[PDB]
Amino acid sequence: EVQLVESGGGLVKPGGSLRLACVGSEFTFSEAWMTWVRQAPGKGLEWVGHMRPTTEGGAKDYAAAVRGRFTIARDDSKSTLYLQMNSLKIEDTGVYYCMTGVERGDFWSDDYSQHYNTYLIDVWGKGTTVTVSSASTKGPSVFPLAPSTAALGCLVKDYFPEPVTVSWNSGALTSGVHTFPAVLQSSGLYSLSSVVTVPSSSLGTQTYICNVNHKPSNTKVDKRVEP
Amino acid sequence: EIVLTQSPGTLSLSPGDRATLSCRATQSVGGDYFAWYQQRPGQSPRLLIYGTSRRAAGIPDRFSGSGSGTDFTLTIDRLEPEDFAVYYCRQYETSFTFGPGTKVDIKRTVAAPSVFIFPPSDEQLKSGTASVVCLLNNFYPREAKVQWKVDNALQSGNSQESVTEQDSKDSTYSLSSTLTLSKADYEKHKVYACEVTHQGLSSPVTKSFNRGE
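If you read the sequences in order, they're chains V and U.
All the letters of the first sequence, read from the start, carry residue numbers 9 to 235 under our numbering.
All the letters of the second sequence, read from the start, carry residue numbers 5 to 217 under our numbering.
In isolation and in its complexed conformation, chain V is listed as follows:
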């Protein structure tokens, strides 16, 4: 199965540099027209640049926003596509994808026939995440969102970077749970809210713990939300 694998993404400061790699397999790499696409959090697909097949001259192209800062390179012998990212900006943050369209052979036979065919396979890698920020890594402080159908929750505030995991009662409570997408604050730190609706009769009966996990900072917090 044709596939692409990206690597090199990571956390970098504004004005820093980063080199992304993309390894292809099961297609003639020298003949592939390679493309880099990116996607900011909650935003659409943005074309970054491409490099024509080596067999066609290998001409490159770039989006105006990255021209002069990003360079695309190619190593056919290693089936690898590169993206050198210089002078990184905060708006460069997002998932980066490696993509191409390639030919594939299809064969079938009858008691009376043999048929050979080629078709297009448009392939994308699973992406690598580029985070450009001047913030420092920090675990969240978890504050209760106290109730008094009832609603209660936990406020997962001032953490960096993404992501953070929230469960309720060690995963026993999943119905009525809404963990909202984080918002980036003016401080450069993320803030998030996780809520759950429960019967009002349970407020005195059942105890509710939100289990918050921020692996980048080695932070585990179990916060009991009381009336």
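Any given hint could turn out to be false.
Said to hold, decoys possible - Under the rule of at most 20 Å between Cα atoms (straight-line distance), these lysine to any residue pairs were calculated in the SDA-like manner: (1) U:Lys-153 x U:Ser-207; (2) V:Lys-134 x U:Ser-48; (3) U:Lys-194 x V:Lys-86; (4) V:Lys-68 x U:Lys-153; (5) V:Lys-51 x U:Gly-46; (6) V:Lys-68 x U:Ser-99; (7) V:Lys-134 x U:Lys-194; (8) V:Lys-134 x V:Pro-49; (9) V:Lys-51 x U:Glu-127; (10) V:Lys-51 x U:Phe-213; (11) U:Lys-107 x V:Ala-48; (12) V:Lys-86 x V:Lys-51; (13) V:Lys-146 x U:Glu-127; (14) V:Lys-134 x U:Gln-43; (15) U:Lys-173 x V:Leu-181; (16) U:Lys-149 x V:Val-191; (17) V:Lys-51 x U:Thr-168; (18) V:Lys-228 x U:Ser-207; (19) V:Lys-134 x U:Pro-45; (20) V:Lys-21 x V:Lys-68; (21) V:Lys-51 x U:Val-7; (22) U:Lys-187 x V:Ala-48; (23) V:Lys-51 x U:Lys-173.
Just so you know, the hints here were simulated from the structure itself, not pulled from any lab data.
Fit chain U to the known structure of chain V by using the hints.
Showing chain U alone in chain V's frame:
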């Protein structure tokens, strides 16, 4: 510098309906250089149609591409559950951009939001900051308006909103609004109100608390 546009941004339809998605270009894009893509949350984009009208191998035949010049159309005969997602057009002749994208969500019956308001915790208060949270829970359609009023004074510039993706279980959305203030400003006032307007609400709904209690 051909620019692509897609109408609308959100297309609300019932499962089983026929969907028609538009993409427009500021200048003509050759027929062999236009494509349609699908993307679902957390996944890579998937090619549906290439060369204007060619279905990609492995793509169900209910997907169909048409158009020419500056006007292009993607049609989905009957929307299956896996079809409610974002769709992007793409050009690749002399310009190489994607369209802004069209989201197809499930047209549901109108549901008014359940509104809850949460005061800042005592733990957060002794750190010098106060965030008050307003939850609009399980409403449809997605359009909602939250307004913070502190002692009857309209706030602006000191809150942030977050909206969930359409819920995969009941096809509603939820929204959290966070009003952030310092201890000093928070202890200065008494009535903190979250005022909500939604198509399913005949009149604005307010959930408030008093700082002391």
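ask   = For the pair supplied as a hint, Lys-51 (chain V) and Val-7 (chain U), is the alpha-carbon distance within the 20 Å limit?
value = The hint holds at about 17 Å.
Pair hint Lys-107 (chain U) and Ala-48 (chain V), alpha-carbon separation not exceeding 20 Å = holds, 17 Å
inquiry  = Would the hint linking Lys-51 (chain V) and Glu-127 (chain U) be met if the CA-CA limit is 20 Å?
reply    = Violated: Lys-51 (chain V) and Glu-127 (chain U) sit about 35 Å apart, past 20 Å.
key: Straight-line alpha-carbon gap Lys-134 (chain V) to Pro-45 (chain U), limit 20 Å   = holds, 12 Å
message = Run the distance test for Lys-153 (chain U) versus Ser-207 (chain U): straight-line Cα separation, threshold 20 Å.
response = holds, 16 Å
query = Would the pair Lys-51 (chain V) and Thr-168 (chain U) pass a check requiring their Cα atoms to be no farther apart than 20 Å?
reply = holds, 14 Å
inquiry  = Check whether the Cα positions of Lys-228 (chain V) and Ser-207 (chain U) lie no farther apart than 20 Å.
reply    = violated, 43 Å
message = For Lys-21 (chain V) and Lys-68 (chain V), compute the direct alpha-carbon distance and say whether it is at most 20 Å.
response = Violated. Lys-21 (chain V) to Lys-68 (chain V) sits at ~27 Å, over the 20 Å cutoff.
inquiry  = So if I understand the rule, the pair passes when the alpha-carbon distance is 20 Å or less; does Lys-68 (chain V) with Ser-99 (chain U) pass?
reply    = holds, 13 Å
task = Take a quick look at whether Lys-51 (chain V) and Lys-173 (chain U) sit within 20 Å of each other, Cα to Cα.
result = violated, 24 Å
ask   = Regarding the pair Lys-86 (chain V) and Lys-51 (chain V), is the alpha-carbon distance no greater than 20 Å?
value = With a Cα-Cα distance of about 32 Å, the restraint between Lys-86 (chain V) and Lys-51 (chain V) is violated, given a limit of 20 Å.
message = Please verify whether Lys-134 (chain V) and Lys-194 (chain U) have alpha carbons no more than 20 Å apart.
response = violated, 50 Å
In the structure shown, a violation is registered for the earlier hints numbered 3, 4, 7, 9, 10, 12, 18, 20, 22 and 23, in ascending order.
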